[PDB]
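See below for the structure under consideration.
Just one protein chain is left out here, and the rest sit where they should.
Going by the order they are written in, the chains are A and B; count residues from 1 in each one.
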Amino acid sequence: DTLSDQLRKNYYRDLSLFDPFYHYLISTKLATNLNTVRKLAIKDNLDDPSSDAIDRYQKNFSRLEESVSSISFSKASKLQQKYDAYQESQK
Amino acid sequence: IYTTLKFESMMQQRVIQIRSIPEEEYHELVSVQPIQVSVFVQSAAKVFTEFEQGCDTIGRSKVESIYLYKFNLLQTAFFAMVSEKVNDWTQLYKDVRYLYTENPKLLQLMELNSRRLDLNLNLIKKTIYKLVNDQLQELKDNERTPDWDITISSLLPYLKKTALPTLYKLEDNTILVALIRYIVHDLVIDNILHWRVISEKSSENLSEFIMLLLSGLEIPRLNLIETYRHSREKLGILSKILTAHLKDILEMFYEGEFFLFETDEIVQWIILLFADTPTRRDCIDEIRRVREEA
Partner (left out) sequence: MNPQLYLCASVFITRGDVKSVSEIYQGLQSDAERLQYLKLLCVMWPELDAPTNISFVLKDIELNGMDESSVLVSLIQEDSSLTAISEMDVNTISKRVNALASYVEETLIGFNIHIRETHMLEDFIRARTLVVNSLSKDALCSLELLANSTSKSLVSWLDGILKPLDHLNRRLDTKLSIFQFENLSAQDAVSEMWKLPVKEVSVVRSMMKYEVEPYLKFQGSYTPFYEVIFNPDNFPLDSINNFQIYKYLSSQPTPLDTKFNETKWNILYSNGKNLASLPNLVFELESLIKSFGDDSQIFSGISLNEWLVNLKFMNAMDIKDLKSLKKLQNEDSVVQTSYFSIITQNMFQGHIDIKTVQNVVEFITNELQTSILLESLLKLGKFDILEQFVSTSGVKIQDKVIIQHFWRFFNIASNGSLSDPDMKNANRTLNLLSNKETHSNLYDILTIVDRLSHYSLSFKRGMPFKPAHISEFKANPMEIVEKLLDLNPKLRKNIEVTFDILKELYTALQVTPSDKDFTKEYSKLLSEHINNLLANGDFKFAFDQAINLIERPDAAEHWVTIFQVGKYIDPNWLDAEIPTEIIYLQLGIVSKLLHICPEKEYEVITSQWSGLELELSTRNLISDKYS
């Protein structure tokens, strides 16, 4: 809960500081951090099958994962559209 | 209460003088007339002269009512003390008769003294009364084996070396007659008459005893007094009654030998010693009857 709130606070702060490239990097970095927490929760449930670490993970991070996935997709799509428009202008 | 004031206080001046009669006067003897008195007797004359002397300081009339109380009391006071200071009461008695010879006003003093003597006589009588019945009592319990000791160690030595030599010191031959008479009449013979019986054997025991009594009651200076010889003759006759068979007994009566025996006494002496027979009868009625005719 403390880690989810600190990740959420840092993420929305860093998104508010500012080309879609910056927000693409910030969302990619957070997606990698969330993947490390996911892997840790999976490992804990493998080491102790009675652990609720996967359920705690889903409860605390699911909305943040969805938000990051949506922003990462949007910014990756805007990066590609700017590039395709640039290529057609050069042609 | 003024007169009372002085009378008790001069009572003090003579008493101081009496305590002051020098102590060595009650032990030393002076020659005086013949009697010998102690050195203090003559000094003593002054104290009772001095009581009359002290009376002048308000005389009689002012003194008449207690004088006899006060005089007799002083005579009594002096008398008591000198007994403890003058050891030998017989030495003591002689001094006191001599003082009330010198001044015949010491009335109580002679009463005290004569009674002092009566006592000393009774002391002599009591000690002697005890021994005689007891020896006689001793004879009484063991006819067969009398203890002659009662007589031997105490009674006669008392008389010869104690009782009698004491009586010589007092010098008054009328009185010795009263003492010898006491032992013979009131002591020895009377108890003897009052036994239930005088056993045939007891009489000889008794015969050994009395004679021993005569031996110690012989006072040669008195062969001159009538009852002294009558007592000794009588006792001499009493032992003789005690050891004879009946025939010698009537023989005596007729001989006047019962001069010192009442018919009452003669028959009673007959009644006590021998058993009832005409023999005792002819003799007894003979004595009372020859005594009857006389």
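Criterion: a contact is a pair of C-beta atoms (placed from the backbone, for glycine too) under 8 Å apart; a residue touches a chain by one contact, two chains touch by 3 or more.
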- Check each of B:29, B:30, B:35 or B:77 against the chain that is not shown and name the one that touches it. B:77
- Just one of B:65, B:87, B:122 or B:142 touches the chain that is missing; which is it? B:122
- Name, in rising order, the residues on subunit B that touch the hidden chain in the full complex. 8, 11-12, 15-16, 18-19, 73, 76-77, 79-81, 83-85, 112, 115, 119, 122, 126
- Touching residues (missing chain, whole complex) on subunit A: 6, 10, 17-19, 21-22, 25, 28-29, 32-33, 36-37, 76, 79-80, 82-84, 86
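Rule of thumb we're sticking to: only the chains that are shown with their structure count from here on.
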- Query: Just how far, in Å, is the C-alpha centre of subunit B from the one of subunit A?
  - Reply: 173
